[PDB]
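Below is one structure. I have some questions about it.
Left out: one protein chain. Kept in place: all the others.
The chains carry the letters A and B, assigned in the order they are written, with residues numbered from 1 in each.
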Amino acid sequence: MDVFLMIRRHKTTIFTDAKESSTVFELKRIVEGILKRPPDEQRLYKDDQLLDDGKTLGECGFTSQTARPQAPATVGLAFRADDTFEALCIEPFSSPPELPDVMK
Amino acid sequence: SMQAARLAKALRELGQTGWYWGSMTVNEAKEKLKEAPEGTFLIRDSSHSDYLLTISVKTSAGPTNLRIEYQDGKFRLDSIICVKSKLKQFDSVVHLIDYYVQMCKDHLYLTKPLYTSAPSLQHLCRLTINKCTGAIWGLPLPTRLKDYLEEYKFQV
Partner (left out) sequence: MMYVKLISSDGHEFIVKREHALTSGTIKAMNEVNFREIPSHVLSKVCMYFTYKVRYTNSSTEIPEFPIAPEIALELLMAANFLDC
């Protein structure tokens, strides 16, 4: 069961995929190879819920039907800051302009 | 005249749909549509030399098929079946399909096409824009992109 994800921190968005049977830790290993911070310096979130390293992505609620290629599920990411973690902070994408009236 | 220049334009449009399956047989279309939602449809070549194309569509009772004829520069649903005088004629076969899809939204029931492959992102945007308006002329787009939209004005 493939799950398609956006891992998001600040203004960084990683598009990647994994399996429902993948662990949260394995996701942190993907992030480590991209952003060069080790798993112990990462916190991953589904909405505001901290994810435990040992759980599978399916156990966290990431399912193939709700994490599709054309509509990936978001995983929040926060990094170590000194002796603690930064607060989770994901910056929104830009706002679309107003539709032409002909299109509304 | 068979108006081959018009036919070529219509077949180009058909090639852009992403839901034209070419040489597919009736049996192959049945297997493809067997478990699809009601109204799921595709277009393919017809086995019958008097017709150009066939619509294959899922009904509540299973897939069914309806041929399309091309005569004198016009496409029309099969008139051996449907009463001829009440059949609209079209210059474009994608227009024919789009017309019946839109009529079903407001006994051929068409909803959504079965794609052979993923369309280009440009085409997906074109579909979205067409579902919003037909007034290409006034969109805030460069002329190049208005011409692109004009090449395929259909909502399906």
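Remarks
Quick note on the criterion: a residue touches a chain if its C-beta (ideal position, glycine included) is under 8 Å from a C-beta of that chain, and two chains touch if they have at least 3 such contacts.
With respect to the full assembly, the chain omitted from this view is in touch with A, B.
For subunit B, the residues touching the chain absent from view are 36, 112, 114-118, 120-122, 124-126, 128-129, 131-132, 139-142, 144-145, 148.
Those residues of subunit A that touch the chain absent from the view are 4, 6, 11-17, 33-34, 68-72, 91, 93-97, 99, 103.
To be clear about the criterion, only the chains that are shown with their structure count from here on.
In whole angstrom, the spacing between the mean C-alpha positions of subunit A and subunit B is 40. Interface residues of subunit B facing subunit A in the complex, by the touch rule stated above, are 129, 132-133, 135, 138-140. Here subunit A touches subunit B in the complex through residues 99-100, 102-103, going by the rule given at the top.
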